[PDB]
Structures are given as C-alpha cells and as structure tokens.
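Here you get one chain, nothing else, as structure tokens; it is the form deposited without its partner chain.
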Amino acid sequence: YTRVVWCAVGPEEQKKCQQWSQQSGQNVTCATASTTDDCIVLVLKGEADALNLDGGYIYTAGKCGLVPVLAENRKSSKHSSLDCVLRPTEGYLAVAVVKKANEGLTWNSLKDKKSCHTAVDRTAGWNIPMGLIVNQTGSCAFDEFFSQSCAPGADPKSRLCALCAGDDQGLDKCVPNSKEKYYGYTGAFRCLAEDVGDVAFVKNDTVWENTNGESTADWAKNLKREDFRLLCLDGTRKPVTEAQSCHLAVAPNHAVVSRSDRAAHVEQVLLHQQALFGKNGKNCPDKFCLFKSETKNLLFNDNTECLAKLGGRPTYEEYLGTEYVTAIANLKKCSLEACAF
C-alpha cells in the first residue's frame, strides 16, 4: 500500500526528511508541522502516516487511538548476538544533571533555582521530574517551583519560558521544535553547559554524547564529564559514571506510532528502509544514514542502532507500563480519560 508519509516537526526535520524522501525513491514522503501535537493531528486525519515519539507523547497519541509500531533500540551490553530487530528494548535513564562547580546544589535544594527541560510533556524532561516534585511538595503549582526555566511548549510569556532563546534571529522563543536553541535532549544540556540554568533534566546518554570530544559542536568542544554531577533522589551527588544507581526513573524507549489501520503497512516499509539506511545498511555510510544528524537527533535519536519489532503486540498502555502511565495520569490532574483533541 506501499508509500508512507512521514511527519516532520519543524524545518530541520523537514530538511532531513526531504533528503530521505529523495533517496527512498519517494517510497517515503514528508508532511511538516510546527509541533509534535500537530503532527499527531495530521496522523489522525490520515494526512500523514507515522512519526517517532518520546513516551510522554505516546500517551497523548494513544488516548487518541494511535498505536506503537516499532521502537528505537541502542547498543545493549546484555542480550548479545540476538539480532537488533528482535532484541527487547532496555529503556533509558532519566537523570538530573548539574555543574560540579555549583557546590551544595542537591535534589533537596532545587527550589528557586533555574531549570532546563527538553519540552513540556516529555518523559525525562518534564513528566518524571515534575511528577516527582508535585508529589513531594504536595502542590500543583509546578509553574512556581523554579524561579526561571526553559520548558519549550509552555507560555512564552511565563517564567517557564524565561530561559529560552529562540532561533538565530531571536524568533520562535520557546517553540517545542529544534528552532528553539534549548529544545530537546541536546538543547537542555546546552542550556546547562552555557550556565543559563542550574539543572538539566535529560537522559544518561546525553551527557556522554556531548562531552570529552564526542560532539564537535562549538559549545560542546571543551566540555569534560568530570565537570558534571547527577543528582540522586536520596539527597546525594554522583559522577556521571554512576547513573545505574543515581537516576530519577527508567523511561520507555521512543517508538514509531501510526493509526492502527496503517500499522502493518507502516511497519513493513520501515523494516525495508532500515535495511537500506540503518547502521550496517546497504546505503548508509555512503548515500544516506537515517540515524545520523550531527548530534541533533532529527527524526530519530542519533544513537539508535535499529528500529525493533515489539512482541506482545502491545497496546500503548502496555508499551509504556502501569508504573509510567499512573505517574502521567496523576501529574495531568494538575493541568479522567479522553483524546485531548
């Protein structure tokens, strides 16, 4: 059935998509929206087929009837010569990161500091750290906990957007797409590295990928792992090598979602597209790589080894788990079941 329309979020994902579209022979084409929620509406209307989503957005989409199709999978220590496509996903570690030089900042003294978040509604950037903090303060006024924030996706006039920079020209401040300089895993870690915020809520991988030479980006060239600490829930501070034992939670991997009636077809095309543009793919290193965009995580995370079949044919609830779903239900109370569209 066998053409797929991919939904790109913002102009740089559009660029990368049009490139993929060309190389694929128009087997994949591109719709673009300004936000993930908008791409979710395109999918429901049937005007696009699929896009890859963080867990907090798999929640939104799943209430509207969309279904997990294929999950991002990275380099697992355990689970050895099992083919990547069939290997269970591990999850990723959500962490809070601070500068070592900012002595005496711990989980217990976050109040009134400056924070950097991936975007409103994302797992490691928003849902986990704010669900914890609402639980802890027994208060729904998360908008008043940090003194200033960059939380792309909140009111550009509020203090939740005060730290956001916008694009090259200072436009589009606090849009939840990669035009916002501090958007996403990479933008929130940048927000911290340049000392705009005191704390970044990212995942474990982000600190490694942008330190000790792994990046090459001008802001990240000189960043050293030993210059950062993770904040643990018991009040302590650990080197970034201790994430197994100092994280806020383990997150379900980003996954491709589609409308249930398109799922089989979307799944077939993507297995064949990764055969060509994935890690060992026929055409990757030389014509086109799907999982590469210079640390920008465009369409897919740059560390993705493959897209993996699911097994258990899970619903979105089962995919996310009862642990994670009740956390979001509870947090959403502050802002009991319906498609928000």
Given for the second form:
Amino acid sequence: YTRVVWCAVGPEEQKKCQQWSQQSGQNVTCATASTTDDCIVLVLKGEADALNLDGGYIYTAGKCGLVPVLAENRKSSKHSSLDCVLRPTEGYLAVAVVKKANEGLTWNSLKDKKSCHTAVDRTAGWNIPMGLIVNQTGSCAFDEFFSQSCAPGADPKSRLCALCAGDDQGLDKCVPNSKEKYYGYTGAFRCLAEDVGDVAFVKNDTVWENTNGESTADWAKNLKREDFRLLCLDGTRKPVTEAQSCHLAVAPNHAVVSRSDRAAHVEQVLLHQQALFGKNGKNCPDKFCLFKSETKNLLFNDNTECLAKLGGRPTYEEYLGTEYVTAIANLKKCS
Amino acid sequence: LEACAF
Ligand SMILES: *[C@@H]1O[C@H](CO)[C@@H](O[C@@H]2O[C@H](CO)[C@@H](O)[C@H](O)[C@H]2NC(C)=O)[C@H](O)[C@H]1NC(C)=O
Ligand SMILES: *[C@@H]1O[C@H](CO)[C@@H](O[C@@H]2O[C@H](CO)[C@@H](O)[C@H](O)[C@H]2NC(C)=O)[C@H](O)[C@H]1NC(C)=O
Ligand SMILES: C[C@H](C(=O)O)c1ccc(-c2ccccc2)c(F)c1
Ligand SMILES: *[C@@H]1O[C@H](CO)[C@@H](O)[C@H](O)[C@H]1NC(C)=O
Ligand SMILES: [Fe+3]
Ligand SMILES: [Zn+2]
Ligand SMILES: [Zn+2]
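Output the structure of the form deposited with its partner chain bound; the preceding block shows the form deposited without its partner chain.
Starting with the chain above, the whole complex follows.
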C-alpha cells in the first residue's frame, strides 16, 4: 500500500492535517495550498491524492477528471438501522439568513444590501443564490447587485470583497481559506451576526450550530436563534425552525475527490482512518478526532458523523445531480 | 460548459 497525501487549504487546515498525519503513523501525509482550486491542481498533477470538497468545487474538480470517492454524512433526520457508512446521504438545505431586527428585508428587497457568502464558487454561499439572482434579474451583472459583500475568492479591490476582514493582522483579505475572518459557513454567519452584512448565504445547520450556546466562541456564544429569520423565495420570512419549507435549494453533501486511479486506495485508507479517528472511533476523543476542529470545519465539516460509501459508482455529474450541474453551467456563462 | 479550468 501507499500513503495517502491529503491536501489542506490554508495554514489552519495544514495544522490539523499534520496532527492527523502524526496520529496515523504517516499513513496519511499533507500537502498544503492557499486555496481549494490550488489543491485541485496539486491533485491533478499527482502531488496530492485527495481532499474533501463543497459541491461547487466538485464541479470544478470533476470537469478536470477527478471523481467523488466518499461523501460526508451528518446525523440523519430519520432513524435508520443502517450503519452511517452505508446510509444514503440527504443533502443539506441552502438558506438565506437575516436578522429578525432588520424588518422588511425579504428576498425581493435584496438589491443594494450587504451580503456575506461562504466563498465564490461554493454551493450555498454562491452558486445557488447568485444563480437565482442572475435568473430573476435577467442580468449577468451579479457583481453589482449587492452594494458591498464578503465573497472570498473575488477580486480584493472589488465591492464583492469590501466587507471581508482578513486575518488578525488584517492581511489576506478575501482569500478563500479559514485565515479570512468571514470565510466559509461559520465566517459568513459571523459576518451577519456582527451586522457587517444584511444577509448570509449559508446552510441550515450553520444557524443552529452557532446559536443558543451550541458554540462557545466569543462572537457566537450570545447569539439566539430567535433573533434570525430565513428568507423564502416567495418573499416571506420565517423562523429558522422552518428551513424545510423556506430554503433556496437542497445541496449535494460535501465529498472527497481524487484521481480515478487513486480512488480505490483513497477510499480504503479513509474507511480505516475514520474507524480510528471518526465519531466513536477507537482513538477519538483520546488521541485525535478527524471531524472536530472547534467549529471551524477544517478538512471536514464538524457535523460529519462519517464518510459514507457512494451508490452506483457515480460520476461527478451523477453525484451533483443534473439540475445542479445545469444551474452551475448557466451561472458560469456570466463570467 | 466544456473543458477543465486549468
Ligand atoms: C437544521 O439544522 C439543525 C442542525 O443540524 C437540525 O437540528 C439537528 O437535527 C438532528 C436530527 O436531525 C438532531 O437530532 C440534532 O440535535 C439537531 N441539532 C441541533 C443543534 O438542534 C435541524 O433538524 C435542521 N432542520 C432541517 C429542516 O433540516
Ligand atoms: C437559471 O435558469 C436556467 C434557465 O431556466 C435554469 O436552467 C434550466 O434548469 C431546468 C431544471 O433543471 C432544466 O429543465 C433546463 O434545461 C435548464 N435550462 C437551460 C437553458 O439550461 C437553471 O436551473 C436556473 N438556475 C437556478 C440556480 O435555479
Ligand atoms: C448525491 C448528493 C449527496 O447529498 O450526497 C445529492 C443530494 C441531493 C440531490 C437532490 C437534488 C434535488 C432535490 C433533492 C436532492 C442530488 F441529486 C444529489
Ligand atoms: C497504517 O496502515 C497500515 C496498512 O493499512 C496498517 O497496518 C497500520 O495499522 C496503519 N496505522 C494507522 C495508525 O493508521
Ligand atoms: Fe457547501
Ligand atoms: Zn425544496
Ligand atoms: Zn452512473
């Protein structure tokens, strides 16, 4: 067998990967890049084997030949006798969240407001809301829709990065990795919690996981669910308990990708690594927990229960689903 | 619609 070389995006993920690599006796080792696209390039060159990706990045990786290997599976809404690794994945709900105190903000009054996005090219933070907005406005000018935004990955001098804050020192503003204070699901929800933006494009779980004491982090520790609303597409506002009926889309779960020729080896190594370090793993919490990172969703989402086998050896188009692939392709016609 | 971005 061979070692599997994981790709970590940014220095926080690198730190976690190095701990995993130490704990796994170098069965896993780490390459690191500054952005998820750069990690996808390391994997295409064969200088890393694999990483776990949002669906929008699975699209970029899959057009370049990489394939899905195992998917994140979080706690499921319905009981099941099935082992987590054999349970079919239930996507997540992309939502638009605002503060309840920002009265009269709805889907239909988003123009000229301030927005918080996980990063350009991600499912809930960008592809689903910007795809809907281009469609509804009949215009590709999505870069002038919101007055200002934090959309990590966009041009840092542009209005799409004006709300981004970078790192402690204020460097790396708008970079699409965990150093940008408003990156990712928890960064974009923080951008709304702090009232830097009027709306955040995240998923349902983000709201729940960072409110009502679910997070002990300083910016989150006082947030109350009842102070947030979701924006529904018919122009109504609902409590965040109502995401099943007030979402923008259902997104395919994040998943691990690799080159075809290393997919079977990556899959075998990962099933053994989660047996050691996953939820109820032999060495978690004592030694190392692969699906924890103090809410920061480093390498994998912290709500992951396991990585699960995929049905039907799917292509990346089959894993994303034709509807979503066609929505992304439409959106990318713009730029 | 078509090729790899890289
Ligand atoms: C929205 O997200 C939350 C957080 O993941 C979901 O609440 C969890 O649901 C599972 C069961 O599906 C519970 O057993 C967990 O305890 C819940 N977590 C928290 C923090 O309360 C909620 O079900 C999701 N809503 C929708 C419509 O999917
Ligand atoms: C944006 O609008 C386009 C045009 O309708 C959507 O593309 C269609 O999606 C449906 C449902 O999957 C297909 O039956 C059509 O073939 C697609 N049309 C075209 C011209 O490609 C797209 O789904 C919309 N985007 C979002 C995010 O909803
Ligand atoms: C395979 C993937 C996943 O969650 O792992 C996935 C998830 C959800 C869908 C899906 C598409 C439209 C409506 C509801 C679900 C889909 F086509 C693919
Ligand atoms: C390293 O992997 C090999 C082959 O699967 C195995 O014999 C060994 O137990 C693994 N150890 C860890 C700590 O991941
Ligand atoms: Fe996502
Ligand atoms: Zn729906
Ligand atoms: Zn198939």
